[PDB]
Structure formats: C-alpha cells, structure tokens
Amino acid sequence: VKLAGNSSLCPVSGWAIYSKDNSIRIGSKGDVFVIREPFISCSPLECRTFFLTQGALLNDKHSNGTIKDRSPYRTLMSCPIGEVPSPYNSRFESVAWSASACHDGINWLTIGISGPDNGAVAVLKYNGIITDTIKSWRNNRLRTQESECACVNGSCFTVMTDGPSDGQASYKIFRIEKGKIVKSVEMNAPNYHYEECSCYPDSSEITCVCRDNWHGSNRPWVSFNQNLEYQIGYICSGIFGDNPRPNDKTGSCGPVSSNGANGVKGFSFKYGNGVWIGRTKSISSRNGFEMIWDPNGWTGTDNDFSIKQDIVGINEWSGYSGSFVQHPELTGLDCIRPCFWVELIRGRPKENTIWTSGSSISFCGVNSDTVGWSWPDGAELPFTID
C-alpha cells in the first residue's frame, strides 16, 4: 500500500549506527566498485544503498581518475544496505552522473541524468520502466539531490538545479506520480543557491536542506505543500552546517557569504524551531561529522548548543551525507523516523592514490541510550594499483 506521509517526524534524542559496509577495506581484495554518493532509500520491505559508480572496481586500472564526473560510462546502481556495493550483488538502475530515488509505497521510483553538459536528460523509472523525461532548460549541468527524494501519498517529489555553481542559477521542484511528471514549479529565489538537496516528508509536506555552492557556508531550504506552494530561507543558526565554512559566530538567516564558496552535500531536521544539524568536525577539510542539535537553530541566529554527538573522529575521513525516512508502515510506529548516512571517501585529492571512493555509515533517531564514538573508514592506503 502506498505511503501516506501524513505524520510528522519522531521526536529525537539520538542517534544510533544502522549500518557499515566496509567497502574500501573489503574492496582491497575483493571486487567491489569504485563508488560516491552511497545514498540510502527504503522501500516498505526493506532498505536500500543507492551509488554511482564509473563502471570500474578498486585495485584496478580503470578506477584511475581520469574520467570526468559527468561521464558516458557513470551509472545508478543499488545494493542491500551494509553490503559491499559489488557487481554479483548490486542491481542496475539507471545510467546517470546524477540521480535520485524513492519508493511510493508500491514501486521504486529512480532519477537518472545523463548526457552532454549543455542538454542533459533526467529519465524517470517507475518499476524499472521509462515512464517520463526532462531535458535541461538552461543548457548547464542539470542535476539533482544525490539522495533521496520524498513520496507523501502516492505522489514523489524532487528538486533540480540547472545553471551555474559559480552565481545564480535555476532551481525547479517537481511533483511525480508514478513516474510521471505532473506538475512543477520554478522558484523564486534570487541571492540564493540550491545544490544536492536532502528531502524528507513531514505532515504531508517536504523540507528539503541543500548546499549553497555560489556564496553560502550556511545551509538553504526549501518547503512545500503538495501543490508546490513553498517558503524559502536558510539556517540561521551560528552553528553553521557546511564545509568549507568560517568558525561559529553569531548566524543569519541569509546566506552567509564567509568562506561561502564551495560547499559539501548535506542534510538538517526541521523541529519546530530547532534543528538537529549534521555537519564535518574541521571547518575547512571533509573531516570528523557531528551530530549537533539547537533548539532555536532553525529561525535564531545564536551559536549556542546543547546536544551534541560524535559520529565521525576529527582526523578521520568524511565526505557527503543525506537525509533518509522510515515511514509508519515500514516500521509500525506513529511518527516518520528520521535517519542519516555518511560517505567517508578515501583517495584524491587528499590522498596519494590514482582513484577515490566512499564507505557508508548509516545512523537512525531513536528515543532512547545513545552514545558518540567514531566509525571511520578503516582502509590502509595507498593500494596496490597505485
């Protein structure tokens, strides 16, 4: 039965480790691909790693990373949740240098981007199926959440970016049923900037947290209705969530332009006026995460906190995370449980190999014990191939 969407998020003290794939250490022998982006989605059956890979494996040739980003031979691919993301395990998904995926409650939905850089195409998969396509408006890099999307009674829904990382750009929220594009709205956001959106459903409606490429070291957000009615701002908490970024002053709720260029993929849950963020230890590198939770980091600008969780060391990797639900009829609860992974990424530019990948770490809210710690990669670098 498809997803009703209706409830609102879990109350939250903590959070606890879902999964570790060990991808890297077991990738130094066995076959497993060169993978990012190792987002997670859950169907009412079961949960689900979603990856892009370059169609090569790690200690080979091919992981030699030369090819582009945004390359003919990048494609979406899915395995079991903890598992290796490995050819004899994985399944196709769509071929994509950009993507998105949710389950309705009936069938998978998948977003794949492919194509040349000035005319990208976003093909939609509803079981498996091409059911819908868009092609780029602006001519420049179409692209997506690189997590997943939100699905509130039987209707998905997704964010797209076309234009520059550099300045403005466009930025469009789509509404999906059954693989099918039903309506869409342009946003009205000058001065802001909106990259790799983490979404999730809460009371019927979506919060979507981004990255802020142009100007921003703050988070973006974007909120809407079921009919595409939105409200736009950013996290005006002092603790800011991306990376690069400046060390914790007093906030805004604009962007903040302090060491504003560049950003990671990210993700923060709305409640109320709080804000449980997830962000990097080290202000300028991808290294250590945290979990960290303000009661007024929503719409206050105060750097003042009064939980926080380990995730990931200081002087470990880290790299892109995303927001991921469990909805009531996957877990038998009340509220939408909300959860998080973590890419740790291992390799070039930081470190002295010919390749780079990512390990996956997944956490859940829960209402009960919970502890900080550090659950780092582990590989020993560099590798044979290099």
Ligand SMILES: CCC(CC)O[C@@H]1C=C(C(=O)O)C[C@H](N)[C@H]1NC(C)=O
Given for the second form:
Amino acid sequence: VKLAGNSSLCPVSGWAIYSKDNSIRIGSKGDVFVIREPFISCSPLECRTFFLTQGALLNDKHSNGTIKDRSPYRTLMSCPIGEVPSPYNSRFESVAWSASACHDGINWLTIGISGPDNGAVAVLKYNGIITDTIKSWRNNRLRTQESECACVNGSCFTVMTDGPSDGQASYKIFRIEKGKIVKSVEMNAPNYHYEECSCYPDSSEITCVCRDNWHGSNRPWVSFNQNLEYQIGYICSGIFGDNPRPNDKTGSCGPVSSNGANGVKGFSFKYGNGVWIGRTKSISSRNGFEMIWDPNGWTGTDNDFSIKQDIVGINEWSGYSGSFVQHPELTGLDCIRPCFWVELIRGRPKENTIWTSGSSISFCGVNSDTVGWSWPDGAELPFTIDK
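Could you please show the structure of the form solved in complex with the ligand, as a counterpart to the form deposited without the ligand just displayed?
Next up is only this chain, free of partner chains and other molecules.
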C-alpha cells in the first residue's frame, strides 16, 4: 500500500546511532567499492544504502583519480543499511554520476543522471524498468539531490538543478508517479542558489533544505505541496549550517554572503519556528559533525540554541549529510520519524592518496535518552595502493 505521508514529524529530543558500515577500514583488504555521495532510503520492509560507485574497488589501481566528479564509469548501486558496499552484496540501480531514490510504498523509484556535461539525461526507473527521462534544459551539468526523494500519497518529489554552481542557476521541482513525470515547475528564485536538496515529507507537504554554493553560508530551503505550489527562503538562525562558513553571529533570512562561496550538502528539520541543524564542527573544512536544536532558528536570526549533540569529533573527517525518514507504515508509529546519515570522506584532496571515497554513519531521532560521542571513519591512510 502507498505511503500516506500525511502525519507530521515525530518530536525528537536526541539522536540514536542507527548504523555504521566501516567501509574504508574493511576495503583495506575486502572487495569494497570506491564510492561517494551515499544516502539512505527506506521501503516499507527495509532500509537500504544508495551510493555512486566509481566503477572501482578500494586498494586497486582503478581507484586512481577518483577525485573526479563525473564519468561514464560511475553507477548508482544499493546494499542493505550498515553493510559494506560490495560487488558481492550490492544491487545495481542505474548508470549515474548524480542520483536520487525513494520508495512510494509499492516500488522503488530511482533517478540516475549520466551523459556529457552539456546534455546530461536523467533516467527514471520504477521497479527497475525505465519509465521516463529528462534532458538538461540549460546544458550545464544537470544534477539532483544525492539523497532520498520525498513520497506522499502515491507521488514522489525531487528537485533538480541545471546551470552554474557559482552563480544564478535554474531549479525545477518535479512530481513523479510510477516513475513517470506528471508535473514540473521552475522555481522563481532570483538571487537564491539550490544544490543537493535534502527533502522530506511532513503533513502532506515536502520540505527541502539545500546547498547555496554561490553566496550563502546559511542553508536555502524549498517547501511545496502536491500541486507544486511552493515557498522559498533561507534558514534564519545565527547557527550557520553550511561549510565553509563564518563563526556564529547574527544570521539572515537571506543568503549570508560571508564565506558563502562553495559549500557542502547538508540538511535540517523544521519544527514550527525551531530547527534541527546538522553541520560540520569546523567552519573551514569538512571535519566533525554535530546536531543542534535552535527552538527559534528557522525564522529567527539569533545565534542561540538549546541542545547540542556530538556526532563526529572536531579532528575527524566528515562530509556530506542528508535526511531520510521512516514512515508510520514502517515503524508502526503515528508520525514520520526523522533520521539522518553522514558521509565520512577519506582521501583526496585533503590526504596523500590517489583515490577518494567515503564510509557512512546514520542516526534516528528519538525522544528517549541519547548521548554525544565521535564515530569517525577509523581507517589509516595512505593505503598500499597509494605507496
């Protein structure tokens, strides 16, 4: 039966660790895919990890030059959550250097973008069958979430971007049914910039927290209903959510220009005027990670907060992060549970290796007792392939 998506987010006081795959550590010997931009999504029966391979294994020569973002060798694959991404335990989804996926309760929808930078095509699959395609409309690296799409009442929603990553671009919202695009709309967002949206369902509507790679060290957001009637803005909190960023101070309801160039995929959960902010501990690089509750951070520019939970140490590598949800249909609860994953990036450019890859950790929001700590990657680089 199709996910209803009409309940609100569950109240959350803390985050319980959900999984950790130790990919890099194990790939030191085992047969583990070189990967990046992993993410988690759940069917009514299980939770899977999606990832973009580089068509190579760790500690092999073909892992060389994997700093590179796009190529014909990259593919979208998935394995069970907490398991290592291996050729022996991973299912093939699509050929892609950018992707999204989500389960509407009936079947898996996957979105895989491949092809040249000036004419990339997104292939939509429903239950493993090609159901639709969309070609670049600006001919400049058509790209998408790199996390799960959001499903409500039999429809799945995603956001896509085409154009410059350092200037005004084009952003479109899609409504998809049975892997078929049934409605789309371009966002009227002059001076905004959207990348790698983390979108989730909440009371029959979708909320996306994204990445301003242009000129915003705070995060941009889009919320829309099933008819794609949307609203835009930036998270107001003085607790800046992007990386790099400036030290915490007074925030803005518009793009915070200071340290606003570049960025990293992230997320956040809106509760009334309050916000759950996941972010790196460092303001300059992709190190550490922490969850921060600002009861007034969604609409207020104050730099205060009530709660702060450690996820990854300040001196440890982190990277991308994104949201995923567990619907009532899966949990048996009467509300949509917020979860999140973190990508722990190892290798280039920060380390002396020929390769770049990441492992993952994940947490779920609970109202019972929790605790901070540091669950880092834990691999020792360089590897033998790098010597």
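Numbering follows the first chain given and starts at 1. Just so we're on the same page, rigid core means the largest C-alpha set that superposes within 1.5 Å between forms.
- Looking at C335, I26, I67, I354 after a core superposition between the two forms, you find that only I67 has a C-alpha shift of 2 Å or more.
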